[PDB]
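Next comes just one chain, in structure tokens: the form solved without the ligand.
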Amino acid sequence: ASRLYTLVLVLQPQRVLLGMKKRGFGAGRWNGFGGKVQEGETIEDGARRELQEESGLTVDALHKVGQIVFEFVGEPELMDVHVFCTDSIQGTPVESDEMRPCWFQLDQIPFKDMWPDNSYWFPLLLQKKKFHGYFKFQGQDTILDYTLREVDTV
């Protein structure tokens, strides 16, 4: 019923790393780094792998900060997105043909050019809160309804 995905936010005290996808799902939007979890792979190992494939960074310590389930009306698979944060990385972000990374100051996060759910849960992420969320989309631009709550354990 649901498919596992990861999303990694490289969040430092003054800035956050986002990437703009060149093509495919999410193209033309800034987002964190992530993707499908593979067979026999833990969710955390999948998050570390996707961070490297999409941004070129090697994460040292990762922390779980959220779980968000996405429903797209007319699509059978729910997306079960496990959200992680890190401030401890190695490397320089790599621009590839697939992905353009950019650092953003925290007061200049480009919410108008991000998925619309981000405006709801990034405020929690920036205050070091953990969360569970659900968003029902119709198409890629419209949130029909949602739930979002802070939690002590993800």
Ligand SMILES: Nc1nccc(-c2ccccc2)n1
Given for the second form:
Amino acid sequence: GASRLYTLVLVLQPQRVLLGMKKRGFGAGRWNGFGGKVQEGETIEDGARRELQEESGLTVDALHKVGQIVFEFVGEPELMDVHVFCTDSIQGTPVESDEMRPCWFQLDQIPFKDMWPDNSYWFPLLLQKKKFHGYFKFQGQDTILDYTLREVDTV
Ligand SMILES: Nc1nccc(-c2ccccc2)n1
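Alright, leaving the form solved without the ligand aside, put up the form deposited with the ligand bound.
So here's everything in the complex, that chain up top.
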């Protein structure tokens, strides 16, 4: 139990990607994919489907495994084991809530400066349909102290 399970879901269409602006709590003020903690009795993929609906209002059909990223925050005991998914098959339209504001971005207008800093490293892989394993050591939420990132054939 050194790490806690999380999901992160990117809705990636041929010309655009859906990102969410978190309004409070962890990650507030930044754009990111949609995700959160996997629950008891829930598969990781079912947790990803649930998080996407709760945070964006979208219903996902097929989810595709694209990556695994472990995050360490100095001073915090629990590692975040984030399972990253992508989908191009969604139903519904995005919903803004008290917690989250979704927005579509053209792929050449992705807001890297107002995202989690690790996204600048692995988004290029996601956009070219590559799979990856990563680890990022953070000091606070703005500084990457160390990282590793490698492309894989199997997530
Ligand atoms: N891009 C990024 N960077 C750091 C952390 C996260 C995160 C995502 C979902 C759930 C918990 C943490 N995402």
